[PDB]
Structure formats: structure tokens, C-alpha cells
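Encoded as C-alpha cells, the following chain is the form solved without the partner chain, with no partner shown.
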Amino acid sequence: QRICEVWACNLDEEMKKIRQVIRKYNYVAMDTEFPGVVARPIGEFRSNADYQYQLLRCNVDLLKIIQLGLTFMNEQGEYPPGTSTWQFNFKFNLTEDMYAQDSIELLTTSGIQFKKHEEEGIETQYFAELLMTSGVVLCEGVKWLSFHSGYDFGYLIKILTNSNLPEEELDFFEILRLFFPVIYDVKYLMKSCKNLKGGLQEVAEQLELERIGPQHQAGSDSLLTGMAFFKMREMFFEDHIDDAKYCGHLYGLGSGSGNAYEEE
């Protein structure tokens, strides 16, 4: 009961709970799963300053999210009693939607039930509607913990705005800061932690963390992300993080100046 699986049928029921834990547990650790990347943006070159964003935009506008995992915590890194992590499973149809071939195979290997997603998945616009007024976004006091998450927030913004992402990177951050005033990207923070390098699973091992749940799924990933933050905060940052130094900078993008895309 540590990680609750959410589908269409029990979304309303679980939001009712999330609506409440956000009050006492204002640290939100997050990760998404999606069908990879399929394209490079036309007319943009790697040498461009904003090329990483333009590559993000290009694929997020084109592809559908498959899982969001939210793990709730507090100042001291404690969890609420019962479930601490929700894994939202979104409607996805391998006949109709687009995807990179490899990603579907990897996600399949990890335990994604693509047929259940097609049949009983959550609609993303309905999910936005409910997140909008839940205190989890737009409200001050909340703090988002992530890992190599440019694409993760791109999807969340695409979903919350019900629109394609802004043409210009500048604009994407402006609207991003409204929905998510305070973000800490563990992978960004790691650029100040001598001898911490690699993907989430690698960093988890160096920090001697114990992963609960299935690897390469959002819920479990978000919970591991959550653990990697609070463990890394005491060990490298003395249980405090400088907002001016680290808040809001997503790994690989133009804020806080190296690929934005979380390759395997």
C-alpha cells in the first residue's frame, strides 16, 4: 500500500486523499514515463543556445505521457502514513499514438500494461482539471523534487496548459515558474557534489538507497528520486539548500547554466 496505482475509475477517490496530504507534506518528488524521442526539430542546430529546449518542445508536443509518479514528503523527509506515492496511469494506444520502438520495449519489460492503459487509462485533460485546484500546483509553500526532468515538466506544462509548449525557452520557464514556483533537480544539484555522477539508478547505488517497487516506472522512480534528494541534502549540503543557487534550474536547459533528455 506504499504505492497506489491510479486509473480512471479511482482517480477522483485518490485526489480526495492527495488534496489532504499536500497540506502536511509539501515536498513533492516526481517522475514520468513516455514513449521516448522520435524527432529532431527542423531548422535548429545543436550549436544553437536553446537547442536542448527546441528538441524537448519538438518531442513533447508530439508524444503522449504514459505515467506520472508523485511522492509526498515533508521538511524532514518523512512520509505520510499509508500510501506515500501515487502512480498515475494515462490513456495510451499503441495503434493510434506515436513512440520510439525501443522505449515501448523497455517500458514493457519494466511492467507497463499497455492494454490496461488503452482501456482504463486516465485522460490527461481531466487529470489537469483536478490537479489545477488541489494545492499541488500554483500554490506557494510546495516544493518539487526531480531528476533530469526537463521533459518531465514539459509534459506537466503541456497537460496543465492544454497547449503546445511555448516557442521560446524563456517563455517556457516563465509559465513553468507560475505552476511550479520551487523546483530542485537532483541531477543539477549533483554538479556540485564531487564524485556523484550518473543516472538515477546509479546515483541511488552510490547513496546506498533501497528502491521500493518496480524500476523504470514513475511511482517507484519518484520515490527513489525523493530518497536521493533528502539523503543527498544531509550528506553534501548540510541539510539546507540555497534557493538562489539551485532553485528552478532544470538539467540541460538554459536556466542556471549536458543533454536535457534522460537517456538510459
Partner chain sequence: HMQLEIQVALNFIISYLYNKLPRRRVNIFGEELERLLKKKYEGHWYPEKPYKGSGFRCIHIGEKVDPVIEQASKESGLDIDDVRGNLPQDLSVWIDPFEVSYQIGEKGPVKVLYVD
Given for the second form:
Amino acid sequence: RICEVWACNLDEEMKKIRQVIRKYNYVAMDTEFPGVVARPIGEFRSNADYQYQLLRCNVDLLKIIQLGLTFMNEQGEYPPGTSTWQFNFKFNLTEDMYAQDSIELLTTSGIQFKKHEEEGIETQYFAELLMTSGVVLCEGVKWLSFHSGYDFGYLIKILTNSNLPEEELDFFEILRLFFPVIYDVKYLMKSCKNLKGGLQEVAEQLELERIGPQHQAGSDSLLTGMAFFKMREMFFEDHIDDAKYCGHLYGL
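Can I have the other form now, the form deposited with the partner chain bound, not the form solved without the partner chain?
Below you will find a single chain and nothing else.
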């Protein structure tokens, strides 16, 4: 179900994804990064601006550690065989910046940093693959996520290969170009009176079948996708109002 992806097999798997996404345009995703380590400097126009500047100063300094993508169709069905891909990126605990607790939490979750440091994927190359595979831009994709501000922040950083836009509004303009359609499940949960908490708590409340290392990108993306479709029929009349939910990331 979940295909571990490293450098040695990046091209092989992206090629498959290049095809799977044609029939399974709904892709749920999650990431794993080295926590939050910095504090914003300067003035802030509002609470939204402060949250964005907080995200910016951290996204610009850290390196993504893991990306999880689960593909599904309009009816919430998975492609035959492998439905989820977990990309492991190159990270060096001796060179790279990070938050102590986050690394320890990830170690306990199963992340093998040693292998990330030796066989991890190069974001620069992954960026190019994302673009040349029709998963990232203005096509007809539906991105499903959970408490995703940082998740998309890291992706935007990779895809543009530069620091995030200084202004919050500019970041969202760019976000729209690469991910025109995004549904953040945690944001949607604010409209569901009986749903609260993080992914694991929502899975419990929705009685979803958890698959794999319950604390990694791939595993989480699976739950997100399952949560989205169930919630989309249960609390939303089979159709999410874009005016109110599309492109809105929890927190930002």
C-alpha cells in the first residue's frame, strides 16, 4: 500500500505517479520537518501576518524530512496496488538545523535518519520531478491536507527553490498557482460540531482504519484522505463550498 521512496527509486515511482494521478486526481498529503526553531523578527500587520511570519522564518531555515502522498478519485477509491507514496529526503543531524524534541519524536516514530542522510532524496531534483509530472499545477487536482500551513510552506519552498515571499498575500498567490485547490481537513473540522483534535483523534471519532507507522507522512496522508471523503458525505452535502473552504489552511 505504502511505497517507501528514496533517491535510488525516485524516477521509477514518479513515473508511476505521473500516470496514477490521471485517474486519481485527489491527493492527500502530509509532511515531517524538524519542528519549529525560530522566532519572527520585526513588526506585524495582524495576527494572520504574525502567524505567517512565524512560518516564514522557520520554513526558510529548515529542510523537509518526509513527504506523504495518497492518491484517490472523486469517489474516494484508491488505485489498484500502491495508493500511497512516502518520500524520504536527505537530512543530516550533524549539519542541518532542527528542534531537539521534534527529532526525538520522529526517531521514536520510525524515521531512520542514518538512511535519510545516506540515501535520502534531493529536494532540488524532486522539485523538477513534481513540475514535470502534472501533480503540482493548475491542472485539475484536489489536494487534501491536515493542519497544513507548514506542509505547503515546505512544498512552495522546494518548487520555487527560494525563501518564501516576505508578504503573506504573495505567498497565497503563489500557493494558488501550484495548488489551486486545497481542502484542509482540520479547517473543515471547525464546521463539524463533534469533531476535534489532531489526526489520530479524528480517525478515532470517525472510526477510520489506521494503516502503517501511525506518525509518519504516508500513514497520515492515508487518514487525511479517508477523513475527507467520510466527512464530505457525512457533514457536507457531498460538495465542499469552495468560497468558504478552498485554499484555506488551518491557522493561516
